[PDB]
Amino acid sequence: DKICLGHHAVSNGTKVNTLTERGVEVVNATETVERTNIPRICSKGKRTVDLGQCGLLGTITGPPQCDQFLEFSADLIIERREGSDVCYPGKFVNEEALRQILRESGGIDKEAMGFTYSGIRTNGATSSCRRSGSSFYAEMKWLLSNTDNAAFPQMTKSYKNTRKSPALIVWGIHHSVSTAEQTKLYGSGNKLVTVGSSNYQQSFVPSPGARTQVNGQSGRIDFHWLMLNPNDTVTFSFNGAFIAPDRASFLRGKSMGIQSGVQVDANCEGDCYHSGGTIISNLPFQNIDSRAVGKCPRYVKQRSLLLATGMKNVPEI
Amino acid sequence: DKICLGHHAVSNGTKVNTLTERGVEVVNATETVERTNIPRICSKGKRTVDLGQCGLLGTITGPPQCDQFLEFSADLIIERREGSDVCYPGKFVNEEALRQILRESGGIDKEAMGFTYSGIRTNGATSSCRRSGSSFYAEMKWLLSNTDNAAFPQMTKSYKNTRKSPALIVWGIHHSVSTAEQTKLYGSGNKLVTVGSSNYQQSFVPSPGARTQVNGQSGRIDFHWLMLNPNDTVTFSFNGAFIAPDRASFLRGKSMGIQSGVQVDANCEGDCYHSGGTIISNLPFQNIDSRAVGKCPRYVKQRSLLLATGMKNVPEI
Amino acid sequence: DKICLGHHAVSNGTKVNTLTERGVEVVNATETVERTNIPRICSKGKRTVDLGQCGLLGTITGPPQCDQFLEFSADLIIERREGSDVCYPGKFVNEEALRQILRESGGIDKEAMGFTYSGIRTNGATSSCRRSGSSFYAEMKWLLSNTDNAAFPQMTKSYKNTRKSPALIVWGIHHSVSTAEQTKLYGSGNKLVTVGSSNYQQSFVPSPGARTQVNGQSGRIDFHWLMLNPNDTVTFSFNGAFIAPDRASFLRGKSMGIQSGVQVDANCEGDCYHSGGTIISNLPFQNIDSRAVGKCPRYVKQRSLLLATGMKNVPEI
Amino acid sequence: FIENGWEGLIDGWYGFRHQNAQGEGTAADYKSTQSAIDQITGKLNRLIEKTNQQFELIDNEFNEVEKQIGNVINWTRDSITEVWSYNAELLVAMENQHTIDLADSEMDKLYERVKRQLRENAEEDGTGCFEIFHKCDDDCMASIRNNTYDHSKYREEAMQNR
Amino acid sequence: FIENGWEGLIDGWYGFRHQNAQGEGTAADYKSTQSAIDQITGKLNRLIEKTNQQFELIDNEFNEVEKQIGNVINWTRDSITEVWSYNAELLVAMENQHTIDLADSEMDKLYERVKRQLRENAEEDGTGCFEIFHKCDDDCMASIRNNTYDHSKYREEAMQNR
Amino acid sequence: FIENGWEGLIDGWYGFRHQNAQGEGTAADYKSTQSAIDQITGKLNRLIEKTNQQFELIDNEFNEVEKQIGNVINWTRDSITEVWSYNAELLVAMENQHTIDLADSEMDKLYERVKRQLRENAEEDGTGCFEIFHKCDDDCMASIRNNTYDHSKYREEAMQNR
Ligand SMILES: CC(=O)N[C@@H]1[C@@H](O)[C@H](O[C@@H]2O[C@H](CO)[C@H](O)[C@H](O[C@]3(C(=O)O)C[C@H](O)[C@@H](NC(C)=O)[C@H]([C@H](O)[C@H](O)CO)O3)[C@H]2O)[C@@H](CO)O[C@H]1O
Ligand SMILES: CC(=O)N[C@@H]1[C@@H](O)[C@H](O[C@@H]2O[C@H](CO)[C@H](O)[C@H](O[C@]3(C(=O)O)C[C@H](O)[C@@H](NC(C)=O)[C@H]([C@H](O)[C@H](O)CO)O3)[C@H]2O)[C@@H](CO)O[C@H]1O
Ligand SMILES: CC(=O)N[C@@H]1[C@@H](O)[C@H](O[C@@H]2O[C@H](CO)[C@H](O)[C@H](O[C@]3(C(=O)O)C[C@H](O)[C@@H](NC(C)=O)[C@H]([C@H](O)[C@H](O)CO)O3)[C@H]2O)[C@@H](CO)O[C@H]1O
Ligand SMILES: *[C@@H]1O[C@H](CO)[C@@H](O)[C@H](O)[C@H]1NC(C)=O
Ligand SMILES: *[C@@H]1O[C@H](CO)[C@@H](O)[C@H](O)[C@H]1NC(C)=O
Ligand SMILES: *[C@@H]1O[C@H](CO)[C@@H](O)[C@H](O)[C@H]1NC(C)=O
Ligand SMILES: *[C@@H]1O[C@H](CO)[C@@H](O)[C@H](O)[C@H]1NC(C)=O
Ligand SMILES: *[C@@H]1O[C@H](CO)[C@@H](O)[C@H](O)[C@H]1NC(C)=O
Ligand SMILES: *[C@@H]1O[C@H](CO)[C@@H](O)[C@H](O)[C@H]1NC(C)=O
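Residue numbers (UniProt numbering), protein chains in the order written: chain S, 19 to 335; chain L, 19 to 335; chain R, 19 to 335; chain H, 348 to 509; chain U, 348 to 509; chain D, 348 to 509.
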């Protein structure tokens with residue numbers, strides 16, 4: 019007579035690593051590092067806007083591509099490689115900070131500033147921003163002299179933020195192709211555009227000169243911005259070469275912005291996004307993209323880390 | 019006959035977490051995450067200055083609020099929300115870097131630069147900086163023309179740092195309310211203030227224009243600074259719109275600066291500070307303030323992590 | 019009769035630390051924190067350049083000290099404390115970013131830009147950059163008027179990057195000792211140097227004035243740079259006070275740059291470098307230099323952490 | 348068990364395999380199996396937990412950020428990547444060691460349970476079997492399996508045969 | 348002990364509880380209790396240690412720093428926060444497992460000590476008790492407790508009664 | 348072994364030390380020694396591993412970088428330094444505890460192997476020795492050492508002498 023104790027085993031166990039050995043055979047094991055990617059932007063149940071050809075900063079200035087995005091509202095914002103912040107060539111000082119601001123803004127909310135103008139013109143346009151005919155940024159005003167070579171009266175405009183949240187103010191300096199064209203637009207003399215607030219004091223001057231041929235133009239437009247505190251007032255003192263703001267932008271709520279090149283899919287749900295798709299996983303680690311954003315597992319160098327979920331597999335000799 | 023072995027237990031054990039279970043009952047346990055805060059700045063045995071209404075940067079320029087802080091000396095520096103670096107409206111370029119410099123400076127030590135002046139005035143004042151009458155920054159000089167609309171002679175001043183530590187130099191550009199006022203102060207023409215040293219070359223120009231009404235004034239004063247190396251010389255070449263430095267600042271030793279809104283308490287001792295008080299704790303972790311500074315336990319998301327200090331509590335059935 | 023089991027011991031065991039005790043005696047133990055340093059730059063099998071007296075940025079502009087480094091090629095780049103980027107006094111805007119670019123560039127590759135000039139001079143020199151006689155930066159051109167006080171014709175030059183990698187472009191603004199000298203060189207009037215590309219729009223103006231006496235001169239030269247994309251064109255519009263680029267720099271491959279004060283040793287091999295030598299170690303941690311670069315063990319505060327490689331040492335009573 | 352596992356035990360982790368007179372039989376022990384399973388699943392539940400912390404963009408793969416802040420960002424991200432790789436590999440290795448060791452400990456618990464359950468009526472062959480020195484039919488084996496074996500019934504006969 | 352702890356043992360962690368003829372008695376064992384206590388307090392001393400590293404301000408809650416450097420600072424601080432939260436929870440869990448296991452190991456050490464101390468003069472009932480097959484008054488019990496029990500005195504009588 | 352190690356055992360970690368009639372002898376056990384050695388060297392190979400991640404300069408000890416970005420860089424580097432110091436000390440401590448415990452476990456494995464190897468022909472003195480109640484010359488001791496001792500040969504005599 020005899021009774022025996024023992025444990026189970028299989029002819030098909032899996033190798034794992036421990037403190038003392040590399041590659042012991044256990045009965046069962048599971049993966050802890052996620053490598054499966056879903057090549058779509060899983061946006062099921064999320065207010066999503068696909069900026070497409072419209073650059074994120076453009077939504078504040080409003081080039082034609084952003085005409086449908088002047089007052090968007092979203093929980094998830096997607097930037098595309100074909101996007102563009104400008105129609106007339108230019109760029110934003112502190113552009114990436116503004117992008118990071120708008121990505122989590124939940125959308126924007128425009129509001130008229132009420133800038134009335136005296137003895138100038140306010141309908142400056144161009145063929146780089148074509149809306150039917152030669153047009154301009156929908157949220158801006160291209161101010162120049164009345165006729166040609168005429169003087170620009172030294173003007174001062176002010177705007178009080180009568181709301182409870184900071185107001186995104188964006189203006190623009192125009193660098194002409196030459197001092198002759200700068201005179202043709204705003205008159206002779208060195209123009210000065212000073213901007214003031216309760217915590218802002220910068221000042222700007224145009225830089226006429228010859229540049230490349232971006233979008234058909236050799237002139238440029240510097241875009242500048244500042245955040246206005248509640249009950250605070252912005253003051254613009256200018257004498258030419260000034261792209262005046264027509265409407266302020268107020269942040270709606272909160273959101274998250276990603277950059278991607280894959281299509282939107284409202285069928286799957288995901289919180290971890292990267293440019294290649296969505297990481298739908300419950301594993302604690304991932305080896306897909308180190309710059310993944312959202313609520314993600316931690317990125318690790320290793321492609322696989324097998325966690326043992328069974329005992330040691332001693333083969334039946 | 020029989021002898022038995024066993025262990026203790028209680029009807030009042032505490033739940034902890036392990037590798038294999040969540041919420042097992044052990045006999046005794048202690049907390050590892052600190053949540054108790056002392057709502058005061060425990061400064062027992064520390065040379066402390068409470069800047070109060072005086073902004074930290076003001077101690078270099080010396081507005082009236084900082085008259086008692088022109089040459090302070092401290093181991094712990096406290097900034098207050100009611101502080102202010104300026105009396106006449108203005109701000110510092112690279113202000114937070116200078117704040118982080120002064121917080122660990124152990125205090126400052128002023129020293130006259132010996133700038134003598136020829137055919138101008140050096141007693142420019144204002145009502146925003148009131149010391150009995152209209153006054154100015156105690157460590158600065160407001161240079162303008164002799165009478166009114168008069169010319170400003172192109173001047174050059176130099177200062178050699180005859181000491182063994184870097185000298186904090188701070189000057190100021192004055193942006194007037196208009197070019198007419200800029201002429202009323204320093205004469206016509208575009209003024210230029212160039213500053214040079216052995217590792218510094220910046221240059222500045224005034225920006226006359228209309229701004230808001232901070233402290234009753236629409237003009238501004240840009241405050242700039244640089245660190246001077248031993249045996250190195252600073253050179254100021256100017257022709258108007260210049261707030262000249264009267265005294266240099268030398269760092270005394272080392273210290274640490276915090277921002278808080280609670281009162282000082284010389285009865286308790288603490289090395290871990292935040293804006294809400296002092297974290298007096300020997301625990302390895304804390305869940306009070308992630309931006310706590312000093313010698314602190316590590317901040318963690320969890321409010322509680324019970325460490326078992328006893329065996330498993332099996333109830334007496 | 020009797021048979022006994024047991025384990026070994028020694029009269030000379032080593033103390034280690036565990037979870038429950040500090041300083042138990044084990045039979046054998048090994049060190050995990052590396053403190054041994056080799057006070058040389060172990061560069062066996064690596065293409066190394068020792069910049070010596072030549073500053074890293076100088077290799078782009080080419081002061082005399084960098085005449086042998088105009089087109090270097092390396093896997094390991096060593097900066098020296100005696101290095102200098104300039105001969106005529108000046109500095110680089112965004113200098114450390116350019117240094118970090120050149121450290122991992124694998125070397126540089128110059129290429130003529132083909133800038134031809136009309137009615138000016140292109141042989142401006144100085145005694146601070148002495149190559150036999152008064153000379154200048156080997157990769158630059160000092161443009162001024164033909165005779166003296168003569169006008170500078172408003173010029174525009176363009177360069178297309180006809181290659182597949184970004185082209186490092188570097189130009190220079192000249193700040194003279196005075197407006198009188200600025201007129202003596204480039205004529206009267208405020209000069210303007212605008213620079214444009216497909217993603218760059220900056221503009222610059224000279225700052226004449228009196229400064230210190232670095233290398234015998236009181237004037238300065240601001241050095242600016244930009245990276246050119248393939249098939250993109252840079253445009254320089256200038257009217258004086260301009261140090262024009264003669265050759266562009268193209269990055270060769272990849273490398274790594276260190277700063278050190280110890281001599282090169284091609285006898286030992288190492289991947290972990292610091293300013294004091296090379297950390298040749300297989301241990302997981304090090305306590306030599308926290309700013310060590312390369313493929314290093316992790317820096318830790320502790321000088322020693324003994325890992326037990328033997329059993330507990332119970333002395334033979 | 349000492350150096351062999353039972354590939355035939357396909358309905359449980361641990362179990363009893365006996366032979367007396369009616370032949371050779373094998374059954375699975377539910378208690379120890381469920382204990383080890385509950386511990387391992389405890390580990391799984393601990394290590395699958397979702398992190399509720401959201402991180403957003405700080406650089407840009409369309410328009411490269413400024414070079415200095417970009418190198419600082421890359422430097423920090425690579426440092427944190429090293430930290431999480433170390434934590435991941437160390438975590439998995441430690442948890443694997445503790446898992447194998449806890450399974451072994453459960454086997455020892457079962458074996459010692461049977462040993463004290465049989466008292467002086469059996470001996471240890473040395474390979475995980477209990478030599479019973481008395482007649483033990485299927486009802487006696489099943490009495491050992493369901494933890495109801497009374498050693499007083501066979502004490503005189505077992506010791507007398509030993 | 349097998350499935351019950353003694354709430355009456357209020358002067359120690361482990362101990363002996365016997366009954367023979369003079370009644371039922373209970374006392375606490377000092378050696379094992381002091382061993383477990385010393386190990387646990389070793390853990391406490393290890394985990395309370397003060398960090399001597401000072402960190403100062405790098406942002407500003409009165410005047411918000413620039414937005415880009417602020418988002419990089421916040422990003423880094425949140426990353427380090429995740430690291431320290433992981434390290435904290437994992438540390439506490441692991442230390443708890445090792446603590447419970449070390450207490451169990453101490454109990455086993457005491458039990459096996461008594462088992463080898465009694466030799467062949469007793470048997471294991473299976474629930475942490477030693478059935479002594481001879482007269483063992485309070486002096487014999489106290490001889491087991493203070494680790495002075497001589498098995499040769501009762502060997503003939505114990506084996507004869509077994 | 349219970350409270351003493353053999354400084355004379357200079358050719359192995361564990362081993363047998365006996366005395367019968369021909370004198371007193373000592374030899375080393377190769378199997379357990381090689382097991383513990385292989386585990387410890389496994390730890391060494393795990394912890395020596397080279398990190399293939401390259402980090403380059405982000406500050407400058409010749410020309411100090413700008414003050415704000417410099418304080419952010421220093422702040423981040425000090426944070427990561429704290430993380431790696433914690434990971435280092437905790438790793439070494441945990442690995443030391445597991446090392447000592449695994450050595451003890453190997454000793455227990457050898458001892459229990461001999462215990463089940465001798466069956467009923469010996470008793471446990473309580474200090475790591477097996478009292479054999481029969482004549483056991485050097486061939487019998489060496490039969491225990493090489494794991495070939497047959498307990499049936501001495502069973503009648505051993506039990507009869509016990
Ligand atoms: C193709 C080429 O290289 N030739 C350029 C030539 O383009 C350039 O003239 C500019 O050409 C563009 C189109 O290529 C436009 O026609 C420019 O005119 C407009 C515009 O539509 O943008 C006309 C418009 O009425 C103007 N608006 C206002 C408010 O003034 C603007 C404006 O003048 C400028 O955009 C501001 O810089 O321009 C036209 O100027 C010439 C110019 O020298 O150079 C050739 O080499
Ligand atoms: C209340 C309002 O909106 N009205 C402003 C009016 O304030 C402003 O004049 C300024 O008013 C302030 C007080 O509100 C001061 O009185 C200014 O004068 C002083 C000053 O004390 O600051 C006088 C002083 O002598 C001057 N010092 C020197 C060294 O020149 C300074 C100096 O001129 C300026 O501060 C530099 O910008 O000013 C007074 O100018 C007027 C101005 O247009 O605008 C009304 O709308
Ligand atoms: C020693 C002292 O303090 N005296 C200075 C005196 O140096 C300075 O004149 C400058 O002196 C330096 C040498 O110390 C050079 O001689 C300067 O002349 C040169 C140069 O070689 O750098 C001559 C050269 O032909 C010029 N090149 C061109 C292309 O124009 C340059 C050029 O003018 C300047 O470098 C540009 O700023 O200079 C010489 O000017 C005088 C000047 O006021 O001040 C004394 O105090
Ligand atoms: C292996 O483990 C995984 C995860 O714990 C589980 O889903 C799976 O069913 C297991 N396999 C077996 C055969 O039990
Ligand atoms: C529980 O543990 C804490 C800390 O280790 C200790 O101060 C306290 O006295 C313990 N409680 C008891 C009842 O021993
Ligand atoms: C102690 O350990 C080290 C590293 O594991 C080894 O090189 C050395 O030989 C060991 N010492 C002895 C005496 O075995
Ligand atoms: C940072 O890393 C990314 C890849 O992760 C790279 O594309 C980018 O150029 C790097 N930034 C630099 C080198 O400044
Ligand atoms: C960084 O976080 C703090 C809160 O911890 C917040 O107040 C601040 O606005 C954040 N910085 C940003 C959003 O730039
Ligand atoms: C950063 O730390 C280094 C030393 O590691 C120090 O030399 C440098 O000054 C620090 N940067 C500061 C204080 O801005």
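Bear in mind the hints are in silico, worked out from the structure with no lab data behind them.
Positions of the beta carbon are idealized from the N, C-alpha and C atoms, including for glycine.
It is possible that part of the hints are untrue.
[As the list claims (entries may be wrong)] Partner residues aside, some chain D positions facing chain H, computed with beta carbon under 8 angstroms:
1. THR398
2. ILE405
3. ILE420
4. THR423
[What the hints assert, rightly or not] The calculated label-pair distances, taken between Cβ atoms and stated as ranges, are:
5. L/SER29 with D/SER490: 30 to 40 angstroms
6. R/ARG149 with L/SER216: 19 to 29 angstroms
7. S/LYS178 with R/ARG99: 49 to 59 angstroms
Outcome of the hint check:
Satisfaction of the interface hint for D/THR398 is found here, the shortest Cβ-Cβ separation to chain H being roughly 7 angstroms, below the 8 angstroms cut-off. For D/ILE405, the interface hint holds, the least distance from its beta-carbon to any beta-carbon of chain H being 5 angstroms, beneath 8 angstroms. The criterion of a C-beta within 8 angstroms of any C-beta in chain H is met by D/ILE420, whose closest approach is roughly 6 angstroms, and the hint holds. Satisfaction of the interface hint for D/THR423 is found here, the shortest Cβ-Cβ separation to chain H being roughly 5 angstroms, below the 8 angstroms cut-off.
The supplied range of 30 to 40 angstroms is broken by L/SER29 and D/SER490, whose beta-carbon atoms lie about 56 angstroms from each other. Between R/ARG149 and L/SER216 the beta carbons are some 24 angstroms apart, a value that agrees with the proposed interval 19 to 29 angstroms. The supplied range of 49 to 59 angstroms is met by S/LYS178 and R/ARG99, whose beta-carbon atoms lie about 56 angstroms from each other.
Violated hint for the displayed structure: number 5, the only one.
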